[PDB]
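One structure, as structure tokens, below. Some questions next.
Some chains omitted; the rest stay in position.
Each chain carries a letter (A, B and C) given by its place in the written order, and its residues are counted from 1.
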Amino acid sequence: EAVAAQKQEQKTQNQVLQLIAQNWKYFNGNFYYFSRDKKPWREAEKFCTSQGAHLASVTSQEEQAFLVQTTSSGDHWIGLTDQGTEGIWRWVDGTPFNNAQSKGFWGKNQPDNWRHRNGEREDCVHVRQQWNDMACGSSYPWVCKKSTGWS
Amino acid sequence: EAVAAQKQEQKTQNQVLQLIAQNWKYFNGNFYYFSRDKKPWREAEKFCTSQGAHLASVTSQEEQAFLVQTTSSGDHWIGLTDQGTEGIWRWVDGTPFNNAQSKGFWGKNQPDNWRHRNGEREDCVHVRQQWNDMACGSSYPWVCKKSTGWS
Amino acid sequence: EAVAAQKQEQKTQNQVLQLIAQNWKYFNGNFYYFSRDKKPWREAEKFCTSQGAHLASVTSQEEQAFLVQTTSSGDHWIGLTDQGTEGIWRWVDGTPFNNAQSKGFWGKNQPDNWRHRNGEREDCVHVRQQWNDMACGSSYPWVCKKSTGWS
């Protein structure tokens, strides 16, 4: 009859306070953080990791709407990249990426892997209203994603 | 021409040095860290998060072997739990499971969800040679897993 | 001018990361791998070959110290055997050997070529603190050795 479940849930109940108290927004199972600073892609991921998150992914399409309409009028990094090999893309969190449906989320003609002035290709993806591969060294803001068993 | 890919690599290169320099061991795409201290399940996860990792998962069975022979004669936390709801288990990183082999790796009669004296059920999993659900407040060592596009 | 090299170096520099990332230890020019599993002598060699190595040899005596103190309290296969002809021993990597120097490394009364209960002689050598010829079918751990032009 000694139910310490109150304490267990209390611990989770507290964890989400720290998140929303730091302006993490909840959406369909995950917590998302839209950054206020702008940093490179690698530097952006080091942040999401420090906060136990990764650069957001897209398991669905309505998820992209949440981002886009939250980042409409804004370029925000995400967790896609084809560094290791120029051909294959892959999410940094672990999600395998359904190349099939991943179409439409790219710009009308994208990815292009454009050659930038400072001798860089494009191996990192950001979002304004559809994805665009970009030079990773460029300092954009970003969005982290975090999973929870909380609803 | 002017290819900073040398600079791009060099950076990833460096990232892996920091890992193995802190005794992260590589195995089939991911890096694993076997802790030297012992802490509760959440405290163990707060650590793996701090290092941009999560408590190891099992996408395969040969993966579990790697753990076992590195954790043989040792109980190590992992990222499984049926906390949110007592029935459903789920990995903390995101990996879906449930046959999904998800079997044989448990003890001969496990999980049992035993009722501990002070004063909790069992909602966290560790490994000695096969999984066992355990009271989360208990301070065991753990194993983190980290993804890379490096091989 | 245009000096790749780096790309060269970069390439060699990467090769050693994969090794130590898989827990290969460096010693006086060579890389050594001390196994975590236990397998027969041939199965141990099939592994060392797959990883571009062979079961360690002894060009020197200080080398044996490195092994012994790394495998102290442990029986580890090595690349010696007199299978082809029961009299002559020979290293599997290619190194020619001199029983002259190879003496002292054997037990006080060794090799013995003992007859085991199963119809095997002893044609394979392992180490605890000094060599002992052993039945090859027996599943001991092992040590591989790998050469490099890296220091």
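Brief remarks follow.
By our rule, a residue touches a chain if its C-beta (ideal position, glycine included) is under 8 Å from a C-beta of that chain, and two chains touch if they have at least 3 such contacts.
Because every chain is the same sequence, the assembly can be counted simply: 3 are drawn, and the full complex in the file has 6 copies.
Here, only the chains that are shown with their structure count from here on.
Per the C-alpha superposition, subunit B sits rotated 120 degrees relative to subunit C, a value rounded to a multiple of 5.
Per-chain CA centroids place subunit A at a distance of 22 Å from subunit B.
Inter-chain centre distance (subunit B to subunit C, centres taken as mean C-alpha positions): 32 Å. Chain geometry summary: the mean Cα position of subunit A and that of subunit C are 47 Å apart.
By the touch criterion given at the top, residues 2-5, 8, 11-12, 42, 45-46, 48-52, 54, 81, 83-84, 90, 92-95, 118-120, 123, 136, 147, 149-150 of subunit A touch subunit B in their complex.
The touching residues of subunit C, when paired with subunit B in their complex, are 6-7, 10, 13-14, 17-18, 20-23, 36-37. Within the complex formed with subunit C, the subunit B residues making contact are 6, 9-10, 13, 16-17, 19-20, 25-27, 31, 69-70, 151.
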